[PDB]
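Have a look below at one chain only, the form deposited in one PDB entry, in structure tokens format.
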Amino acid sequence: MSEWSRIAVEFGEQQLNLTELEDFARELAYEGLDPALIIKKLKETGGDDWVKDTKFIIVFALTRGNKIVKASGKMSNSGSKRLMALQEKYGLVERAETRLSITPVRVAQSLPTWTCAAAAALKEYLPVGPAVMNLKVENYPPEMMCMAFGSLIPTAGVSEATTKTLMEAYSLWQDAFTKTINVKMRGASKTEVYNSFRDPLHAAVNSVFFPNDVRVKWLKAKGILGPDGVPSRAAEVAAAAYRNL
């Protein structure tokens, strides 16, 4: 029949350019953030002040999240003043809407080794910390209690089983966190909340921005990986705890 049908049929008769297809898919794949863009942004706008500012912003992200106004009305006076000051200074937003967009949580994810260290030190101040986690498992790794830990899970220099175990241990926290903050998820299967965070996690782990060798070294320094390159008992127990539901 139509000319248009012949075109569709012929279109499906073309050879696939595999390399170019893979390139397109990678170009279009889920990306949580562009860390390099964010760091460039911070360093260029804040000057030498950018480190201090960034640390404070990260403390805010860790303890209160992205809701700048709503919290700011809800803290100490100096804290509020400074939070708003940083807000105007850096063009902070409460919601991640664009590739250029800078949220506090994105800042925290942009500097994961610092953020996770700070989170461990400020465990008692976390929205989902030891209070929630010790109930599920004994001695959950404090470095794991934040959105940035995904960036520190290595895909190289370790076995695939190690990577998997770490991802499950972290998945315990991701699940509990998602449930504790989302309206949507009060009663939901392990699998849907898992689906609510699968893309950011796989993207975070597979990202090439933060070097794997540094990840491995850092995990070893915190005792989350042994000197042998396999997960600590806390990691294994947490992983088992996530698998069991």
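Numbering follows the first chain given and starts at 1. Take the two forms, superpose them, and find the largest set of C-alpha atoms that agree within 1.5 Å; that set is the rigid core. First, how it differs from the form deposited in another entry.
- Here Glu192 does not count as shifted, since its C-alpha moves by less than 2 Å between the two forms after the core is aligned.
- Superposition of the core reveals a Cα shift of less than 2 Å for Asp228 between the two forms.
- Shown in the overlay between the two forms, fitted on the rigid core, is a CA shift at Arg26 of 2 Å or greater.
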Contents of the next structure:
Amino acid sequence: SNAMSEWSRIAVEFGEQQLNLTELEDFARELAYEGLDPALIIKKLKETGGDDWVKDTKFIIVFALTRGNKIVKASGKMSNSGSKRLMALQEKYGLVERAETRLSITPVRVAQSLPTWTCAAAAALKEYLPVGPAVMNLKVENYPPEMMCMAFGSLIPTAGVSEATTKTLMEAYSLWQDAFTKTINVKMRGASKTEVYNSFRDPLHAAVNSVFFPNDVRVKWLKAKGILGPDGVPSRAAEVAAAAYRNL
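Same protein, different condition: the form deposited in one PDB entry was shown, now please give the form deposited in another entry.
A single chain, with no partners or molecules, comes next.
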């Protein structure tokens, strides 16, 4: 209430405004990290593939699960049948190895757009994953195999479970992400826990906060897989995994 300049007064009165929380949360969601647009990816696949899109997509996802995004490098070190088919799919769908643009269709983006399929496939193919049971068995007992892939973050619910459940599932999953990031990213070779976490913090939060894949389907699927119990809280293995990550 002391005398001030007209520019100071503007700053002061600006800050006396009430916050419009609905509007501020809209803005914050529009400006938040987004790693991919799953509806865009699926639309591109289906429109290009027609009646072959489902079978084609499954093959691309197995590649993403087991070899990642590096199409050319990987195709040089794989069976002839696998390489021929992967190269043909790349030409057919315009697959690329890096997400340069919203339009970029990478194998990992395809996997993340269909997360319930991808994570079931990961569990089924757990013996083929670069970071799978062998690695996780050294860290804890009974790491959920559905968590051993880049798509599991999209299946962690925010609605229909407690915030403690959400946090625990994120931590349990971080145990795999931490390991996968370190094995596959050479820039993380000497990084601290906090540094490797920050390399996947934004993509993980974006996957969890996404509205594309409905929370109720996530909860029901996690219950069916036993990752959540019938009461909607994490299984013992999930709690052990989460504890292991917090302790890391």
